[PDB]
Amino acid sequence: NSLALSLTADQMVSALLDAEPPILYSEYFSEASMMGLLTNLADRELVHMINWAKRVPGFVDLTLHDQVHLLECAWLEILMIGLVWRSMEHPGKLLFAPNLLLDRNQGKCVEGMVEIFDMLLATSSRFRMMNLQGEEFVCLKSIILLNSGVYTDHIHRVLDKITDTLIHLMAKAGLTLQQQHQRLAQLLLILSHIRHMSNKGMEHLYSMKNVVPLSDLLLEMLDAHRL
Amino acid sequence: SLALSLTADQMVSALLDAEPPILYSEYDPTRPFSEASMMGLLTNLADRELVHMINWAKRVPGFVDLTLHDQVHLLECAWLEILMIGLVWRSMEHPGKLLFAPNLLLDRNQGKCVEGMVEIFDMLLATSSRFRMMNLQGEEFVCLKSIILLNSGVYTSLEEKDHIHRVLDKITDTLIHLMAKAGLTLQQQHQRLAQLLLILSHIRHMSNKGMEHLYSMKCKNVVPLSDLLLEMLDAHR
Amino acid sequence: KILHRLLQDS
Amino acid sequence: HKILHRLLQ
Ligand SMILES: O=S(=O)(Nc1ccccc1)[C@@H]1C[C@@H]2O[C@H]1C(c1ccc(O)cc1)=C2c1ccc(O)cc1
Ligand SMILES: O=S(=O)(Nc1ccccc1)[C@@H]1C[C@@H]2O[C@H]1C(c1ccc(O)cc1)=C2c1ccc(O)cc1
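Residue numbers (the numbering used here), protein chains in the order written: chain A, 10 to 236; chain B, 6 to 242; chain C, 2 to 11; chain D, 402 to 410.
These are computed hints drawn from the structure, not numbers from a lab. Keep in mind that a hint or two might mislead.
[Claimed, not checked] DSBU-like, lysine-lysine: derived pairs with alpha carbons at most 35 Å apart:
no., chain 1, residue 1, chain 2, residue 2
1, B, 117, A, 209
2, B, 223, A, 209
3, D, 403, B, 214
4, A, 209, B, 186
5, A, 117, A, 218
6, B, 223, A, 170
7, B, 223, C, 2
Here chain A stands alone, though its shape is the one from the complex:
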């Protein structure tokens, strides 16, 4: 049995909020300059993401192989939804780091990046245009981790519990029954687009492996998407 299932929604939320990775800083614009700062930033976020996943209810219960599979499938999605979350307060911009603000014009400095930026900007705006709460964000990011790679019963039961947790939060906000499953649907349909942004962005990572030297861990994270 899993300890994850025994939790209530409030302490499921409390667990997710406490497991949150920190917002890292970048170093204090061309193709190599852009890829250089992002590769370094993303690489440091992976280490935090790994330890974050280990504190996600139900994740430890899985085998080490399954933990590797899910992280390999979802790592870019998780970084992207983290990006659009903190980019909310800054419409038209992408808060990659507190000291690294990138508008659309700098996305053109990297071939095939500017169009992914637009999808990121539209995702952040969509999250803004409907008041995405932090308690909802941590639930969404956890769903992405467990649902990513999952089609290779426990994960499904944990996913159902996260679903209950989301409804639990919307019920707190004073939404009606119709508004609860409507908002629930709205949030999950966005995850489909985050999957789209990831895949489209992952194939570009192949066409960028040369420009700047990628780290070993990074090379291995994207090489997994080629099998």
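Following the hints, position chains B, C and D with the ligands against chain A.
Okay, now just chains B, C and D with the ligands, sitting in the frame of chain A:
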């Protein structure tokens, strides 16, 4: 216009009557099969399904209200997803098998006849398996397929997206309505709703992965592709 | 474009 | 032997 005034029952009614037919392949179980043979059979089959999909999309409450350029965009984005969810739907009765056509049943083995197809098959098989273990209903299937059409390209002057959002909310209400009739509790309705929508994320993944392999193949020109299919495919690249 | 015309019929 | 194996321990 008309889409928003519809109730759940006549939304289901509209989607069921709008259903495209199941087309037959030109497969002859007396010939030899190969890489170009299968790819040739699937190309010709999908090309004929596309024509039906286009006239099907027109009968989806709401699609017609959209400008033509938006209708083009949505179909260009979701055409493979719609084909795939249709595939895994009619493949439910055949575990470990993919029913591309009533006279065309492939298992995992024959997927290896094409490079990179066997991986996508397993995902399609797993997706079909999920629908089987979940008892997907026809009323639910036509809701999901319509969702994919309106959702695929929404993020990609005109806040026609706002209209699209309204129709999507209507389909959501329709799905909940169906689960309420099935005797599912409130908790079971939300969970099933979530389970269904999470599968849409997988259909997106399968489509994107297959679209990249459908481009490896065009470059080869081992087997030609119809002018329409090339234009649908070129919209992704 | 083919998709353009097929949508535009009738 | 991937790095992800080690970091997850
Ligand atoms: O999909 S992308 O745009 N891919 C890409 C596209 C074109 C060129 C190179 C990469 C990708 C998303 C976004 O920018 C790219 C990217 C990224 C780039 C390089 C890298 O080694 C890792 C990630 C992003 C990112 C980094 C850190 C975050 O915390 C969040 C996002
Ligand atoms: O993702 S695929 O596998 N891509 C692909 C990968 C490698 C080579 C060729 C295609 C794709 C799904 C499945 O098989 C491929 C495929 C397809 C193949 C060829 C083609 O011109 C169009 C589609 C499928 C299909 C066809 C009709 C349907 O009604 C449903 C599905």
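How the hints compare with the structure:
no., hint, in the structure
1, 117(B) with 209(A), "holds, 25 Å"
2, 223(B) with 209(A), "holds, 18 Å"
3, 403(D) with 214(B), "holds, 24 Å"
4, 209(A) with 186(B), "violated, 39 Å"
5, 117(A) with 218(A), "holds, 18 Å"
6, 223(B) with 170(A), "violated, 44 Å"
7, 223(B) with 2(C), "holds, 19 Å"
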